[PDB]
Structures are given as structure tokens and as C-alpha cells.
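This report refers to the structure that appears directly beneath it.
Here we show just some of the chains, and they stay where they sit in the whole.
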């Protein structure tokens, strides 16, 4: 027995594929082993995304895995919902409910707002980038209207990095003269590293400057540059480096080689790779459950073409989606459990603030409870 | 000759299709004829959009006309950029550069910011609809950050129609608590009509209030019910009914036997339908120029399917794009001129206010010259 699955990875995602492969070899069951097809492409390109999706659908896959960007989330969700093909992804949650999509990255708007309230902020600057959607920006603006916050939102995606050296100085001087020492960096890791590099270059990390990084990879990026800068630096993390599961996984990970497993000869892993490991775990758990329920979702023939009119759905896909959204498993990113929509629930987000000795967990955040200080 | 094009009209777009037929029957001549294949679909469904798009592509069409939405713009842009097939649309301009896309709606961020500066505002509210995009919201937020404004951004897109009566009342009660006198409505015609109805019901159209309708169709709405309220109302208009071309078009549009041409037997025309008429005009002009240039654009049924692997485009696409972007003609929207990215330049937006004797054009806005008061 073997279930065919599809894999989508961007051009430059080596650690994610390495983590997927280690997860496959780890939770591979002798009763049934997944046969994954891996397609490398430009995740921003919707044409390439739909090409790969239709190729996988023609191959007759039961659960598609892969990433999506701001420019392909719509087509991915639309094709999955119309064709009843389950999609598992560690990318940003969709801006609203979307069937047949398994969002494994927990929402961070709640944790970010709780951290702002805990720090008791009234006015700050929101440095955002349109790469993970503007849902966090909308949530911040709505909460600012509710709580009477003086938030100044500045976009950094549109400015070309060539000419974006004087505008950084201008807006930083504006913040300094307005005493806007509180900033939030809602950007991808590369953009966050670029922004903090410019911050150190311009010397805008003096005492009083409280930086908040709105991503789950706080330690995954570079923090040794502002370790002793005397600036309040905070962030969030979904993977805990203390529990036994992640400890043993990291041992088995750093004991690997960087030749056949790129991006695996270190101790610090990315939350995307950890969530891909967790996705392998949830996939094998749900397929095992479906097999144990005496349901053979195996399609007799090929699924056909995606474009073929009228749409060609299949109830085995709905069954696979139902099995996917009914799994409760412990993993690297914490407790894994989903709603009927596909979003992730029952999760804990560890909050840490950078100090001179290093980042240290100042507490944890969940959904059933507000921010907790540890 | 006979050149075949495509159509992606939405399901519920009748006036735009009527304007399309009117433009076809007017600009049609003995030189050549335009044979379109019109598909009525859900512009929000990317799967349906893809089906229609490469259905027309397999039909071997030369250019495509239609609409899109924030949930399907990326699919259209990627498909056109990859298959080199042009796409003329009256929908919102794409947030950035996209080749083989001709956008007929002029940008409104610059005109709106100029109008706000002319009115000398410092604390106002911005009611935006997430179902259409947030480019204008991003622009106004950046300007406020660079000009020290107090913008209260409130989303009115998630408001369902089952209880969209108390929601607006509570929203405006909160605005009154915040002492908000000036409001900017960045919504479509139906949404702004609902907001105006709620404003009138809760009696918030009295003297001392200001409203700015952030859309090109100022006179498209039922603006008569708020005309006698006594509150400042400002907006933008793209079609000048006092122009000879617009008057001559209306002279035939008002007597079009509405049963045959839906939404025609009236003196007002929505800016989307006006841009559809202008799109027919510009397509005819571009094809006439291309043929009169001694260029062979013969194409047979060799297009294949949109998901061909590898996807080889046709060489006539770039020449059609160049011919389409080199058109300088006059229409209902005014002067029509495109840049190297497909966006419109050398255009004029008429800023209007609402008075007790009807709307009046106080001035005009341009991209080379800022707001001008007459």
C-alpha cells in the first residue's frame, strides 16, 4: 500500500525540502509509505503554480503539499476548493475560511496584540511588508481604533532598495523627532535582517528603542548584532528548544551532513522547516486513521484534467480532507489540532525578549488564555 | 479582415456588456470586424477565470477584454505575461508593473491626496472595503506618516448583508464619540449607497459634516437623497457630460431600447461602462494601426492549451502589445494615452462637489499638474 502525494517548493527552499525528506524517512510506516513528487518552481508565479497543480492532479494525488505566496494563495485555494484536493501548507493563513486547505502556521495577530497590550504601548510605528498578506495590518488598525492607539504604518515592500537608503534615514529621523521609539517589524526574515542591518548602520538602536519582530523565527534570524546594543528587542517563537521532541529531533538533525541534507548541519532550525516536519507527521497520522476506518479512498483511474469542464470532483478527496482536519498530535511546533476550516488551534507561542546574555523566554501565549508571564 | 477577441465579463455586468456592444457597433467599419467570444463568469473564482482564459486562448483569440478582482488579478497577470496575450480591462490598476496588461482606470491615489491637501485636513476617517484592494489605504497611510495626520481606518467589507444596519449605526456612533467630522468612503457604488442610506437614516448628513467618495463614479450613485442634507460632499468624475463627445454618445445611449440593451435608457453611464466603450475604441484603433503597418499577424489554431509544458508563446503578442500601448485617442474618459507599463497618462480627473442645485465641477486634476481650482 502507498499513497501518492504532491510536493511544491520554491526555487531556493533547500532546508524545507531537507526537513520534508527527514520527516518522510522518520515517520515512514512499513504498512504504507508516501510516494511524494517534488516540483521546484517560483511560488510567486501563479502560472507555474497552476501548472504544477494540474500536473499533480493529472498524476492522481490525494494530498498536495507545498507553499504559496501572496500572488498564488488565491489560485491555490480556488483550485483546491473546486477540485476537492486537500492542500497542506506552512505558509501564512488565508485571509478567511477556505475549504480543503490545512493552514499549519498559527495566527500571530492575537499574540502580537497581546504583547503590545502587555508592554502597554500607546503609540508606535508599524513597519509592514505585503508578503504574508495585510490581515495583520488590518487587525492592528482595528485594535488601534478600539484602544485609541497612535500607530503610523509604513510600507517597505514597494521601495526599491537602491533608492531606499535616504528614505530610511528620513523616516528614522521623523521617528526620532516624534519620539517614536517603539517600532514593529512585520516582514519576512530577509527583510527583517535588512532593516536591522540598516538600523545598526544608522545607529537607531539606542536605549529606548523597543523593536518587535512580528514573525515566529525570532532566533532563526540574526540576533547577535543587537545583543549588546542596549535596545529593547522582542519577538515570538513557535518552536521550543526545551521539550524532548524538539531536543531529540535537533540532535538527529545537527548530526546530519550538509552535502545530501542542505541546511541541516546546525542547531537553529526555521519554523517553516519545523512545520514541514509537523506536516509530514499529520499527513501520516491522517492517512493511518483513514486506513484504520476501513475506507479505501484509492481512485480507480486517473483524476483527469483540472481545466476539463464541467469540474471533476471526487468524494475521496472530501474524505481525505475530513481525515486531515481530525488529527491531534504532539510535534515540534507544539500541539497540533485543526478546526473544520483548516486553521490550527490549541497552540502555544513562546515569547522571548533579547538580553545581553541572549534571548530568553519571558512567557507564553495561547488562544484559550491571554499572554502569560513565565 | 476579421479579428477575434475574447470577453470575461462578470455575472451581473449588464451595462458594461451593453456599452461593449454599442462600441462594437459604432466603431465597426468595412476595414475589418471584431468578433468577440463573451463569457459570463464569477470574477472572484480563479478556477473559472483560468478556464475561460485558456478556453479563449485555445480559440486563438488575439486580445482579451474583461474584469478581475483582488482574488483573481494575479492569475490574469501571470497568464498574460507568460502566454504573451494582451488583456484590456477597466478594473482597478495592478499594484505595480505587469506586461501585456492594459489598464483603463486612471489612478486615484494622487487625486485623492491632492484633494485632501486642498481641503487642508488633519484628522479624518477612512472607510475602506477590503474586497477591492488597499492600495489607496496604503498611500494615504504613508502620506499621513509623512504629513502628521490622524487617519482612523475602518473596514466595512466583512459586514454581511443580513445585519448591515446596526453595524453602520454603531460604527458612526463610535466615530461621533471620537469626534470625527470628515469621512472618506473608498468603496464601490453599492457599498457607498448603503453607507449613505445609513448616514441619512441616522441623520448624519446635516451641516458640519464632510464626505469624500473615493471613486471615479461620483454622479453614478443616487446622490439626490443627500443633496439637500447640507453637508459637504466631494468626489471625482472621469467622464465629463459637458463634453461634445460624451453628449453625442449620450444622445444615442438614452434611446437604446433598454429591453434590448440593458441599463441604457438613461442619461447617466457608469465609468466602468464608459471605459468598456473606450476599450472597444482603443482595441479597434490599435488593430487598425497594426494592420496599416504592413505587419503579418496571421495566426491559426496552433495555440494549444494554457498549461502547455513547455509554454511557448506567440511572437505576435508583443507586437499587439506595442500597438495597443501606442494609442493616443479621445473618448468618454477624456484623452487616452498609455505608458510602457500599460497604465494611463496625460489624463484628467474632474473634482466635483455636491450643491443644492446639483453637482458642480470645481476643478480638474492631472499627473503632470496637481489639483487646479476653476
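Side notes on the structure shown:
Going by the order they are written in, the chains are A and B; count residues from 1 in each one.
Going forward, a contact is a pair of C-beta atoms (placed from the backbone, for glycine too) under 8 Å apart; a residue touches a chain by one contact, two chains touch by 3 or more.
The complex is a homo-oligomer: every protein chain shares one sequence, and counting across the whole structure file gives 4 copies, of which 2 are shown.
We take it that only the chains that are shown with their structure count from here on.
Note on chain placement: the centre of subunit A and the centre of subunit B lie 35 Å apart, centres being C-alpha means.
Of all the residues in subunit B, the ones that touch subunit A in their complex are 45-47, 50-51, 54-55, 71-72, 74-75, 77-79, 81-82, 96, 130, 134, 138, 141-142, 144-146, 152-155, 174, 305-307, 309, 311.
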